[PDB]
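If you scroll down you'll find the structure; I have some questions about it.
Of the protein chains in this complex, all but one are displayed in their positions.
When the chains are written out, they are named A and B in that same order, and each has its own residue count from 1.
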Amino acid sequence: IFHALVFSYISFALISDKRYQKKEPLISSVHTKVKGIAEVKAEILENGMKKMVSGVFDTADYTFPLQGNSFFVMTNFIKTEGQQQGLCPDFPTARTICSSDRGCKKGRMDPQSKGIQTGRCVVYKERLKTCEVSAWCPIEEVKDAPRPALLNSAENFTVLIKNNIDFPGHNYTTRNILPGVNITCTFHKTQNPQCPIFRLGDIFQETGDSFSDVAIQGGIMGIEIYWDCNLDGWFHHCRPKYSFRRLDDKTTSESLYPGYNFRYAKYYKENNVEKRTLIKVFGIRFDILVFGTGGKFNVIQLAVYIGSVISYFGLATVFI
Amino acid sequence: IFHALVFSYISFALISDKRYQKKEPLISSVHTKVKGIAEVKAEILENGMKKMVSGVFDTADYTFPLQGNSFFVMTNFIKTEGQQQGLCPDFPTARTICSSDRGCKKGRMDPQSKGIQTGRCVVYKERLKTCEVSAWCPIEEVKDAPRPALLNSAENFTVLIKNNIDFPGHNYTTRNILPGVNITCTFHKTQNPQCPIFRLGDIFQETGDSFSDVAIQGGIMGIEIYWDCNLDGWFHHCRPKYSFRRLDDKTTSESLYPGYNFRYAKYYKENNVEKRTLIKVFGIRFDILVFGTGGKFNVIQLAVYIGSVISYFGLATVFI
Partner (left out) sequence: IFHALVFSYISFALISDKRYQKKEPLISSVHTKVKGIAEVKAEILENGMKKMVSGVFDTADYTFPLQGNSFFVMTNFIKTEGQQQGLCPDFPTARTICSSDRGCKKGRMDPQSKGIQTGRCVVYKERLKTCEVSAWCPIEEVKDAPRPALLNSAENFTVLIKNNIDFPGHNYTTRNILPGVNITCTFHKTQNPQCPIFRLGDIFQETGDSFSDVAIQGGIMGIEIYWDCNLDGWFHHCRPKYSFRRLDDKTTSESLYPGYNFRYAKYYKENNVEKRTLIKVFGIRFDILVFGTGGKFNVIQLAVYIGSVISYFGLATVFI
């Protein structure tokens, strides 16, 4: 009585855990196309002077093709133009202010300084003095990102994701998009869960984080694609499950370099002088993470499960 | 009789499926060097005027170092020079043609338009009128890629692939290239299946897709490296198997952004005006996919297989 029930329960553990099947890791390749533009009219303070930042930003202006299953979209920026190699006083900071030449030692390097000191204490503005350095001059300001993200419209951008997956051992290949589907759609958790077209603001709403806040100083968001794939015939299902998870740590600590931002350089020549424009770029990197398991009935696996089950059979008969 | 045969068959399932061994996922790192150049003499129509595109393209002109186990080779391009921020009529399309100002609404954005409308209907050429937009002017043409790919010689290029793999649990490391091998070789399915030097046209012949067709509008090809690795001593083999699979979907639908292409921007300054050159790049991205399993005799695994087998022993004795 109880033994045929132990057998039916163990068989349930077979069918549910799909141990008659063999599991094979998935192979994924990703291709994304970003669509959308943003118009930028804003007022940014450079060196204590108000300035008007106005420009139209298209695809080539705020992104470049994905590498390593991840793409980036710039949302804010601080542009420092005209840097040329030379000597200049470092930007005023608690570390950089100097009372006299004794505070500056030639050759000193600081993790928060972009230049090597010359050992002299010189004026920056009025009577405030900082330590003179040798680097790209003038030094970029120690200034916060614009309070509204210059590319605030970034949440309205649209990312199109095409994912190809293969299982070599089972020799089975399929793609994220099935042929003949109505591509004109915006992904929704319930209305269009197979629609590959994503809107960034929708993504940030799913994970619960406000897009604008992350867009001011950048972040790392993650798009997850699950593939529970069954290859039997008696039952079949091998389609993706889109989830969204915010990857960045959200420390908000000046020591841990919070948000996502980097220093992009644009070199040129002017008046027979080598010059550089340093752009501090703030944006959200999207990591596309694909993980899948493919099961297909293996005779050896089913026989091994049977082998672990008939021992519980005999021993179960001994236990009663 | 039949029972010793069931034992020999189960032992065959052991030796064949290598269950006395433990399986460990592979760790891969890739390094590719692309060699080859292409001379380009062609005739391309810009704004209804015939032009001569002539130039020599070396490594730095059509590729950049691999990131994320994938490298790209440009094969075709459409170059739009002199773009500067301003107001211009959008390029004539079924969506962009306007009969009067009522058709243009200020601030409108279109997925196929690269600019924000100003709300005015202005002439583009002759009496044909399109909606005026605010963006990088003039707008790139809506034009097909050159009928012969400008970099048609791309199939003759040579990619050299060096792959390092490690198994941490077994502490075993090996590389794609064994020391002392004759590197001067071109990979062939039978003549040189271990030769790492690949020719792109050969790759496209293996997968059966014509190189030129894909090169006109770009594509995503995939190089697969298999590692069936055995670590025992009684038998040993741990070398790669090169296969080739075309990753792109080949939709050929204007709604799904077919082929592989992106918008690359080159910013400069001219006559004290901020200017931009937009190059639409068409090329084949090669994804190097490495997947391997490393087996090495584990006593616990063999004992567990024995444990599943002796139950089939006793129960098998009961079945007769």
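Just so it is clear, contacts are C-beta pairs under 8 Å (C-beta built on N, C-alpha and C of every residue); 3 or more make two chains touch, one makes a residue touch a chain.
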## Note on the structure
Of the candidates A:289, A:300 or A:303, the residue in contact with the absent chain is A:289
### Candidate in contact with the missing chain, chosen from B:173, B:210, B:253 or B:255
B:173
### Residue of B:11, B:67, B:93 or B:255 in touch with the missing chain, whole complex considered
B:67
### Task
Name, in rising order, the residues on chain B that touch the hidden chain in the full complex.
25, 27, 29, 31, 33, 35-37, 39, 55-56, 58-61, 64-65, 67-70, 158, 160, 162, 164, 166, 168, 173, 175, 177, 179, 183-184, 266, 268, 300, 303-311, 313-314
### Query
So which bits of chain A touch the chain we can't see?
10, 13, 17, 19, 25, 67-70, 72, 85, 109, 111, 113-116, 134-136, 220, 222, 224, 226, 245, 247-249, 251, 253, 255-257, 260, 262-265, 267-269, 276, 278, 287, 289, 291, 305, 307-312, 314-315
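Criterion: only the chains that are shown with their structure count from here on.
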### Where chain A and chain B are represented by their mean Cα positions, the distance between them in whole Å
20
